[PDB]
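Could you have a look at this structure, given as structure tokens, before my questions?
With one protein chain removed, the remaining protein chains of the complex are shown where they sit.
Per-chain numbering from 1; labels A, B and C assigned in written order.
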Amino acid sequence: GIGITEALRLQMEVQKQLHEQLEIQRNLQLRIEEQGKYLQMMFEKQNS
Amino acid sequence: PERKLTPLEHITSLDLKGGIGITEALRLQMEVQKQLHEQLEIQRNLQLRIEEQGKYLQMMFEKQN
Amino acid sequence: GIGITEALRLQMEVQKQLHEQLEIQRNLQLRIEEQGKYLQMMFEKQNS
Partner (left out) sequence: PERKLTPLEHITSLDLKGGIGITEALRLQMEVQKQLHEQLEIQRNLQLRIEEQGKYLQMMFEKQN
């Protein structure tokens, strides 16, 4: 079995990977939004 | 995958030559934006739940001491 | 403080929300890929 020391180490790694996923999602969402901006601009070009 | 794509979300060359690829792409964008918001909701939940599990582990590390 | 019973309940909810995020990512990636397919088709139209 695992001890309390490794359990607390796993807990710290979980929280840091969670925050890490959060930061990747922000950067991902920033890029998806710019894809959307491009798509909206293309759509309006074809209606001008 | 789990939910596979409907004809309204599948973009074919037939769609492009009809000029509806752009609007289907904008539909995909709407769905992706909502899913991203849902995943944002869940990690906030996960962060909160993990932190509560963390305080349980901490208080029992100090009952040794 | 929280008890062992709620700690184990939190653990189950964490794993189920994790799997839940995984399923949302698959569906998200499926849709991003189709956006990419559209973009690749548009790019090749402008080079034909």
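Structure notes:
In the analysis below, a residue touches a chain if its C-beta (ideal position, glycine included) is under 8 Å from a C-beta of that chain, and two chains touch if they have at least 3 such contacts.
Taking the complete complex into account, residues 1-2, 4, 6-7, 10-11, 13-14, 17-18, 20-21, 23-32, 34-35, 37-39, 41-42, 45 of subunit A touch the chain not shown. Residues of subunit C in touch with the missing chain: 4, 7-8, 11, 14-15, 18-19, 21-22, 25, 28-29, 32-33, 35-36, 39-40, 42-43, 46.
The rule is short, and it goes like this: only the chains that are shown with their structure count from here on.
Computed centre separation for the pair subunit A/subunit C is 10 angstrom, with centres defined by C-alpha atoms.
Centres computed as Cα averages put subunit B at a distance of 5 Å from subunit C. For this pair, subunit A with subunit B, the centres built from the Cα atoms lie 9 Å apart. For subunit C, residues touching at least two other chains, in rising order: 32, 35.
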